[PDB]
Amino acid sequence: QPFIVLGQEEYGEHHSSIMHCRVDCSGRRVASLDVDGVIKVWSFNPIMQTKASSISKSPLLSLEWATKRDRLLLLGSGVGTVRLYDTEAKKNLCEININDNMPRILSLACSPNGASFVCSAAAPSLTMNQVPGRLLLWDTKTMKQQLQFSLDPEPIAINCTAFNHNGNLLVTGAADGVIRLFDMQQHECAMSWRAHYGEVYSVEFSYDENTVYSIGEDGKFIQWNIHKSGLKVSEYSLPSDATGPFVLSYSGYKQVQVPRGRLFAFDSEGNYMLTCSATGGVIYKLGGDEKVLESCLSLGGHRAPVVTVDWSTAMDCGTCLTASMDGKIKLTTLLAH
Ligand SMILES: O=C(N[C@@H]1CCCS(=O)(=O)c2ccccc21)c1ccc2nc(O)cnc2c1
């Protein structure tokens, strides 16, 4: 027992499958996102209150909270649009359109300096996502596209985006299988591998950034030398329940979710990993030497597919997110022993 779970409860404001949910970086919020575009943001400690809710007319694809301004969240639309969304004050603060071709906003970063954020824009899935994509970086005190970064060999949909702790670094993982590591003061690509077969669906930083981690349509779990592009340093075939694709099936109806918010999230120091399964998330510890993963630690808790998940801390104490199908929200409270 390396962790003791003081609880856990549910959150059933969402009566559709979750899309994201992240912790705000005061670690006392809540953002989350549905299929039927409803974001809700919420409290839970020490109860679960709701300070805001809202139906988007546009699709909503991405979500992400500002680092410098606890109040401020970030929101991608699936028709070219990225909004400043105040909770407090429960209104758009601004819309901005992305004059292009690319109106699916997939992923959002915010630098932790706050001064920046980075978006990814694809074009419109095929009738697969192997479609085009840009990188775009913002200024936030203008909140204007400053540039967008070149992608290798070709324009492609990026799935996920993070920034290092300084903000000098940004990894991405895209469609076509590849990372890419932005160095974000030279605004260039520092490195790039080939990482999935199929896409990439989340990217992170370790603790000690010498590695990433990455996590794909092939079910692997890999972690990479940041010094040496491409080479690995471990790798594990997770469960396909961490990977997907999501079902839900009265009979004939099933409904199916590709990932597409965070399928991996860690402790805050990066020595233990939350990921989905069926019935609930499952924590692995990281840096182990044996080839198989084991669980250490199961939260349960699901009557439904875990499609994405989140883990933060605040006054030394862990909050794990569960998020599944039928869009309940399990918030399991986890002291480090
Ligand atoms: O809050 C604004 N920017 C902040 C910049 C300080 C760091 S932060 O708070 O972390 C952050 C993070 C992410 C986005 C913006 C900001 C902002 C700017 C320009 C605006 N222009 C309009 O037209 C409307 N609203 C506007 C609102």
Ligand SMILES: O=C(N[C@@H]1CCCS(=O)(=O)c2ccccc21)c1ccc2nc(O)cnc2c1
Contents of the next structure:
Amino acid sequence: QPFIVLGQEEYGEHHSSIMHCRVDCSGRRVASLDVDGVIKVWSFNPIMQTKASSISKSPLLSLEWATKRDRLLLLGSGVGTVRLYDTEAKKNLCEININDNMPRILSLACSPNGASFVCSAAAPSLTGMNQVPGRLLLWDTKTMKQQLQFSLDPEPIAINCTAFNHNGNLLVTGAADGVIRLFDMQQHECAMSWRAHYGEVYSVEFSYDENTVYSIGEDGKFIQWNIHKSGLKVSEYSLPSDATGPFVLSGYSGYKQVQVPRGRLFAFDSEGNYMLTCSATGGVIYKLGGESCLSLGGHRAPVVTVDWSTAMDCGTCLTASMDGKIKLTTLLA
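Go ahead and give the structure of the form deposited without the named molecule, now that the form solved in complex with the named molecule is out.
Since only the chain itself is given, any partners or molecules it might have are not part of what comes next.
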């Protein structure tokens, strides 16, 4: 009963598997990035319409909408840079040099107050492969310099995912060593850290009331954690294996494509009561109360990343798959 499907449409401008697809802060624009460096910025009211296209030079690994100065997209590359992409002017404003030694920009989080961003900069993947050193850096957009290094204890490690709380006081992070680290933004040390997953942490998020954090990891678990009590599981659930991959699109050709999670694996409605996840044939929605309640379907290839935006009881669910197709499902509460 909780949701009714108003419609489902397909955005098909991408021709390679999707890496990231994120709705902007106004709920009206999508930025999506495929494994070939192609970025599309598009709208979906009341028709789908491409507002900008851009083919990236160098590999691109992360994508984050700026917070105060909307229409601005931050793109983290695989050559140790962050590119500021003006989706209105349809041009790159500048290319910020983060680090040559640790060129994989695996995560970007923009401060809700607009003056800084956090970025994960990781060593090249080892030739268990992501068990490599990483740094986590606070970058002052405004002097264009690195302001702060977060200490990663006990050792530097690649950070896969980051998320701010509403005020920007707290940053939750998930690492390739399975550890979750939670930072307050004046100090270099995490206020809190614990072993969360056996294998990599792929996505993290604060609950709506910011009393817990949610995580999803390589062990296939979705876990809710009390942030007043380090390592206190509030709850834990074993998801179907196609929620966490590795996602595989294969043919009789002897040919396969393999995607380890890189983009967001889970997304929530506005009030944090329901969770969208990946599966081989479309998005799957669960209820988070103290429970699969809707399957969105529509995909002929495995879904590898999702998003969910809410505007006033109208939700839109993005599901993105290895054939490059993005389905938009409109949900009414």
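In this text, the rigid core denotes the largest set of C-alpha atoms whose superposition between the two forms falls within 1.5 Å. Positions refer to the first chain, counted from 1.
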- Align on the core first; then indicate which of 258, 190, 137, 143 has a CA shift of 2 angstroms or more between the two forms. 143
